[PDB]
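Enquirer: Letter by letter, the chains look like this.
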Amino acid sequence: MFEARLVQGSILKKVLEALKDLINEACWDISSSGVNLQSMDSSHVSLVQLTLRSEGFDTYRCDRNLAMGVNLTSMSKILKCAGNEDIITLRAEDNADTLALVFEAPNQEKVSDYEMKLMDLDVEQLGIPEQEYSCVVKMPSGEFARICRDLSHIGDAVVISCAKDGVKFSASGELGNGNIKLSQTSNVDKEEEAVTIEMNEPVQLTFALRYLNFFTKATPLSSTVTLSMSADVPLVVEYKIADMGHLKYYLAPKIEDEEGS
Amino acid sequence: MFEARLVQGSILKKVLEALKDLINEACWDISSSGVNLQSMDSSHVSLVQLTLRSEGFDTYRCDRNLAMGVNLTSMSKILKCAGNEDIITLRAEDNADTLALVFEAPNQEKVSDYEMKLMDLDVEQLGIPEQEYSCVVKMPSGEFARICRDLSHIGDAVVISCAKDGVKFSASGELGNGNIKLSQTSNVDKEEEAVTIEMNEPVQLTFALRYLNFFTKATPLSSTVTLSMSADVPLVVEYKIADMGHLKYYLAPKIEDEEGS
Amino acid sequence: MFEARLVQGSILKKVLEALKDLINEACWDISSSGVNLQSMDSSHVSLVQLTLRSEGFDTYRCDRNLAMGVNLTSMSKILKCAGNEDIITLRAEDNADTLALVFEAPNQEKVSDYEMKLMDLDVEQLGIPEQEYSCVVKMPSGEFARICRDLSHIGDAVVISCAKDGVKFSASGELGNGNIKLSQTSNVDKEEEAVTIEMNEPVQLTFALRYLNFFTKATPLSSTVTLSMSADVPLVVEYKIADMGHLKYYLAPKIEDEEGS
Amino acid sequence: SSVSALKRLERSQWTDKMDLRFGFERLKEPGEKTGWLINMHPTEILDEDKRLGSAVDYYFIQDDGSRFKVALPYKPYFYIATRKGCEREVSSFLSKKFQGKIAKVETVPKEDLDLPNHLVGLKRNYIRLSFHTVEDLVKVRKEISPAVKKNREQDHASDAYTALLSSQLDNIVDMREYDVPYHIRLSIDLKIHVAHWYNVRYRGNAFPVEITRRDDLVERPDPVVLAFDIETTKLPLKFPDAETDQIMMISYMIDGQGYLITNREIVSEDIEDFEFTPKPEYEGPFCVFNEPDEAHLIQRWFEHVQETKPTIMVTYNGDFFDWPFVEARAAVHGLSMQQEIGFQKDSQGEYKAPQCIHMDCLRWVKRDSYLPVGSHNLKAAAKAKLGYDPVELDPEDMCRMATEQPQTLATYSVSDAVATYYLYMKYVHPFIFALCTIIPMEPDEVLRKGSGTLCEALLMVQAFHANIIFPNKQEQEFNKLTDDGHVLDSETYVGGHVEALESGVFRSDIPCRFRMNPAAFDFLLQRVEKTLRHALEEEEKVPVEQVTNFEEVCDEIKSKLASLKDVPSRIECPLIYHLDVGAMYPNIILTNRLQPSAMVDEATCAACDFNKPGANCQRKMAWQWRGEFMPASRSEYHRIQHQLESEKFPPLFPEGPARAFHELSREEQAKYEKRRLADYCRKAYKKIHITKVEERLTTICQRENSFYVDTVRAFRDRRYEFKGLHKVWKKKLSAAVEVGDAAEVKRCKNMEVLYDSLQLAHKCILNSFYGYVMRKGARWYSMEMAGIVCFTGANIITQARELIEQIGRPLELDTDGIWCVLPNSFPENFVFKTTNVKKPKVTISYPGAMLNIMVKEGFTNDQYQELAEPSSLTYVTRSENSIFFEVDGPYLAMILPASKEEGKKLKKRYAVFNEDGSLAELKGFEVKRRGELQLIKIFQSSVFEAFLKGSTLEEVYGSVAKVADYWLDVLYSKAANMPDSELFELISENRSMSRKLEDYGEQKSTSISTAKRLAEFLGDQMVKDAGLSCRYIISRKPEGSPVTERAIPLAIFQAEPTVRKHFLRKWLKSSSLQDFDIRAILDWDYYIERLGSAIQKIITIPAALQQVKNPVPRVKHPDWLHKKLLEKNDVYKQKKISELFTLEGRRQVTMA
DNA sequence: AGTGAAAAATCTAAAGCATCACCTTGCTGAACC
DNA sequence: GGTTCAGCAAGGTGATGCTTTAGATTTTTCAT
Ligand code: SF4
Ligand SMILES: [Mg+2]
Ligand SMILES: [Mg+2]
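Protein chains in written order, with the entry's author numbering: chain D, 1 to 261; chain B, 1 to 261; chain C, 1 to 261; chain A, 27 to 193, 214 to 1198.
There could be a bad hint or two in this list.
[Unchecked claim] As a list, the in silico PhoX-like pairs of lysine-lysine whose alpha-carbon atoms are at most 20 Å apart:
(1) D:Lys248 - D:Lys138
(2) A:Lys733 - B:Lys254
(3) A:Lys884 - A:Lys773
(4) D:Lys181 - C:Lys110
(5) A:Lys284 - A:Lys412
(6) C:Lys138 - D:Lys164
[Claimed, not checked] Ranges of calculated distance between the beta carbons of each label pair, as one might list FRET restraints:
(7) A:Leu1171 - D:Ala163: 31 to 37 Å
(8) B:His44 - A:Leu1119: 53 to 59 Å
(9) C:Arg146 - A:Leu1119: 53 to 59 Å
To be clear, the hints were calculated from the coordinates, so they are not data collected in a lab.
Note that CB positions come from ideal geometry on N, CA and C, so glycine has one too.
Given these sequences and hints, build the entire structure.
Expert: In structure tokens form, the structure reads like this:
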């Protein structure tokens, strides 16, 4: 008997529509600390980490740790049934694999409830180690997602350089080179249009833009995305849905073939 | 010698968009009673009736009963250039083998006449059985379009229940079973978003969601749609447009084999 | 090099969005008069010219008459990176062997360089026969484009005729015959729907409508289309507003001199 | 019917007097005579009682040529099974319906091949109905067959009613033997086989003919065999016509003596006798006869055939150009070939004389010679088999050679004749007769008929030795019901798994790469002693204790295999192998005890009362099933069946009456029902074609009748027996050539050629079993059997691929065998010096032994049993593992093509080149079909003849780049330097036109447009005789219009110039054009795109997959391959996540 | 070096479906009387 | 303190490019 209330039901839509496009199967974990989603790609490259706590979930209780291996190509066809202002109530059973949803209209005119049977699978777990994770930058999610979608046509991979003179997004392609610079306009009282860039060293590291497309699908969750990088480490991306939780998403880079011999 | 006026162009443009999918060939009937169209769909399961009374037109003067047999897809192809504000006129002659019609604007600048030929085929004129309707629901068309496109993704065979509390849609299938309830709206006096229930005895039967989508794609016609059901009759869809006339759908339910049920 | 200043750069991105099917590869010619494109399409039918005058832009800076043969559809996939409110700034270079285009956000915190190596093809220039045509018509491109996309799909060939009372467009097809008549506006001074016709002698021509709404659809760059037409000459289709837009098409009559019979 | 009776009577004594003057005098004297059978034909010989009757005449040859013909009476056969317990009154009604039409009706019990509960001795019984003549049989066939079809639905309905219960003419339940011919059924029931020494006993006239086999005389007499070949006059650049052109020369070849008859009307001078000897085993003695005109030439030919009297006549493509031409030249000159040698056309367009077997080597080259397809001409077959080059001569220039000098033209003609005759008697004459000793069919029909009906004839022979009733032809059943409840559209077994895993140039001199996994090598080091032990004990069937020299070959094996461990990655020359049984599939029938009549479902298996677990009665085997069907349900089908009953519907018969439901045939209502469901599910169910692919297990019973199994068993071990006998007589010859015993060496040469031909024919039929099983509609064809055989072939061959991927670089997976390479340091072939006197040397194959242990250890089966002696009730227990993957030897070259999209697999496309440069095999290429363009033929020949140059991949692609650069530079310069006269032949494409212009209706295509242009050329007069296949090119100047409406013929260009110019301006829709020469209206873009697609799919894409730069840099790669190649070579690469992030656990949601 | 006919690969037109820019509308904030 | 008009977020909607299904055409394969 699990319950999970969410009054602002558009954010569950916005997280779930961002994981169909490059994850086929992810295994939700539930415990007293909240709900987690620690799951790798089926292509075995980049990995998801949802963490949502109980200070945004209104009606919420959970006394046992368990897991459910939900499918992602079929769960994001039954959640857009609610509109952008409906409230969403998840329910679950101890012994049954049936996950139930409740979509309730805010004006009390359309009540729907859903059941979905699930299946058990066998995936891997990749825990994160704690590191410096410097060169942290904060950008608007709309601008970053817009430019990430834009650079997909000119190139297939990106070189990201955190240096003193802003941030360098240089995609590498056969036709031309498209590079993006972010200026430190720190003299703004508004946090939306003012970017924060702090660092310990200039870091140059390269990533797969074809995965950055399916990556950047989580646009309208948080107004500001916070991305951070270091050397020889996967990029970390935080989409902080500050009412309860945050999406950390980790993308492994491309590196050289060490020193040739 | 026939003549007809419309001070609005939305309805006559959108009926052809609403009806082009079920019917490929039709037989119009123009007379002093107005416009009649009884037709089978190309699979001979669903029945359609397009009826326009004579008093709904601005001026409607004719000669006598004439059955004419052009198809419908050509009419929707040629007439959809008209907008939702252009005014409509159609003229005809008995000796002439073609029917003319002008799309005119109130400023008398944008104007276009089209004359259409008469290809002749006469389908059988079957008598529509008229009986009582045990359950009548009068509910908005936008919510009905949303609920039909909602249930199209989950399942294929929708079971619909009419009871005292309201109406209940339900969908089976391999991706779960969905349940949607719509209750009476007694505290809402305005009727462009409320529902209305006329109730005799509880009914429920199984219907095909592709055919429900084919009926519900008539949704810009009216802000409300009257679904009605009785004992084993084809379910009837009433589109009360205006004082101009009606657009009535009839669907036979599917027989479920008792064996393995 | 023509790294000109633009107060708004939506025009270039939409003309590349629309003309991605007309010309498969063009060459940008830039001289002291501005930018002059003259390209002959893939089917070798018409010669399309675009004139963007230098005084229409904010600034001009080139060494001499420079022709850069950049593939037209290749940089169309990258030019929509800029927004409709985005601007193109000014830079000075005399020996640039690789052309770069500058992207500047409206909030002046994002700068971008999109480069392209110099590769060139020599295209033969064609002379344009110019004289005073008999009939020049002027209608807003909205409803003309609307009827051109709503009447090409009932017939392939149109007789286009110009007379004093109203110009007509008559296309026949297997589902019927349609034709369009335009009258003259004299009491109307507003630009949004006025159709002005300068008229010398009534002319008749025959054309194919497939080429007219699909390969030559760049409507929102201007708002009023003007067609110049005369006896025994091809079409002159003009999208023209002020110094911000002037493009033209030269579709030719593909009518034989009765050699079929 | 007296007029037709006297007509066929006159035909009977006409053929009899035709053969009496031709040498085949009848068996009219009472006595006993030996003979050897030659021909088999039906005839209409009567009896002394003057009762109408059909008979059959055999032709018997002697060792000294005192030939004869024996006609014996024999009525045809027919079987009808009726309802049980009431078969007397149906036979009495049948006898009383026709006074004396039926000859005899009788009933004797038999056994059904698929009747359940067969252990208790169940019986099903037919009745035999015999007619006195064949035309009465076909008349009764046409009288009864639609009634049978209609009543079959009635019987089917009755069966359905009976199934529901379980849940006068109309008394006949089924009928068979309507497709077996007369002579064929004759042999099936009498067992009289062509090519066997017989003796005949015939005393008096009232007694019939007695015939008895004399099989101890294993020698065979040489029949007098005349091979002949024409040449005809012709007007240039046109196929010759038989109404105006005439023969200048005939050349023919009778039993080693050659003659040449020449027309002196066209030939300028007489021709003397000459000798032509290409090889010492091919003697060429030749005599010349010269006649003034064609009439005396054909008269000399006819009288010399009448005098020498050849039993077997040999041509090459005789049925196409030879016989219609000579028949028409007889008909022009007041004669006919029917009236002097009896050669007329049959119903199928083939020419079969009543006494002289017309026999055509081209059909054998097409069918059994195993030459590559597209290489079936006589020159190719003579070079492949006889090992010499026939003299070539241009038929365009042969007309001027007919008047300039006749000697070289005569040499060409006699070279054609001697090539045909020696390719006949050295190879295919004892091959055909060895096929004939086992197939009960006359020689012309056993050469003409297909592979499946040859297997059918063998199975009918073994079916009537076993006394079973023949299943009919498997017809197509309309609207088959799936057990799920859906009607079908297509229903298919395993889809022919073909995969080209690599593409590139492969040779025995090229250095290729090997990644060797040492785990399989560690397996092999401890296996190899036992592997060679088992190979010597099973492939040779001798004990290992017999040989003494095991240790030194074992040490050589150890040294080679240990020098293979020393590095995984290595580069040397690979030997090219073909890892398979020649037809694994018959052994897959054998070792699994498979047969098409003993596979059922679980329901009727449980209906049988002898089921028992833990026994051999229930065995199961795996396959996979494919069905494309209709997504509409089953209850809706009853609904639409009810809604399509009792309504008006248009009859197909013009001005017909009001038709009802019952008399409608199944095919018209089947189309109507398919249209109705296609309309119903274009709207409601979102689909009309659902492709379900699933896996199935079938239960194979024990042998109710083992007729399909023991045939293959006896035929395989008789093949091996004949192979051993041929090897024994080959060693006898190999001693006799230095014995010096001329008559004895000639007779043992005859014996070894005979045994070689029996071995070759048995090998061909063993290959033919698979080709018979893989088609639907055969009379013994089982769906599940074909699926099982193809899937187990796939599983075995992918097990072999899984192992061989680590000892080299295997290349091409196939439904016939792995085509792969192996390193040369890997040992290839071992000779054994064995002390046994029966074999001083033993040749054993090392990859063969490895594949033998693969198929032995991988597949151990306990179902094999031997039945030696029923009296002692003994049962030895041993397993049969006879899957012999015979490596055919190291080839010289291997070429693979590639495919035109990202990641699809090719379809049976490769080329294999043998060691002496001869093209060993080719499959799936453009040269297979004689159509398309011959712009491509010369390019493809010049590229496949040019892979055998150079040592490295750089050099071989350099030579291929030279060839492609030459041909694309001829194309790129618009073919300007050479004369243009041959270019119109070279460039244009020729498409046949089968129907008329109005048959397709409103549909328009390229051929329809070309026919319309041809009609616009002259008029309806050309349409009246529009049997000519249309040649065309593609116009260029009307751009935008599709290529389906952009074809112009070359017939306009041969017209007079002014109408050409005007009507070309009419075609091109451009009256302002000025030029008329053929330089710009050619669509060179389409032509260079065709040649570009060829050079992409043959050369450049395999080059990109062989890590080399493009040999044709002016032809760009496709976008997907360009992307993959530019991503691969960049050392900047993608790193995965299991290395950069460690593993923290593995779990599963376990059941509690 | 022929022929004809059927199963399957290939080519082409039309419908499904996710996405993007734009039209219209409800909620709300600051200047005004 | 009521008003009111503009500003802006947001749903509905026409238009669009890619994808998928369906029917006609050639191509291989098998019988001859
Ligand atoms: S397998 Fe089944 S049907 Fe066949 S003999 Fe055994 S029990 Fe009978
Ligand atoms: Mg010949
Ligand atoms: Mg010849």
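Enquirer: It remains to establish, for every hint, whether it holds in the given structure.
Expert: So, going through the hints one by one against the coordinates:
1. D:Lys248 - D:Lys138: holds, 14 Å
2. A:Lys733 - B:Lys254: Holds, at about 18 Å.
3. A:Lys884 - A:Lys773: holds, 11 Å
4. D:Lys181 - C:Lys110: holds, 6 Å
5. A:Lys284 - A:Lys412: Status violated; Cα separation ~26 Å.
6. C:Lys138 - D:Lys164: violated, 57 Å
7. A:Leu1171 - D:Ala163: 31 to 37 Å: holds, 33 Å
8. B:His44 - A:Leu1119: 53 to 59 Å: holds, 57 Å
9. C:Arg146 - A:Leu1119: 53 to 59 Å: violated, 39 Å
When each numbered hint is compared with the structure, violations occur for hints 5, 6 and 9.
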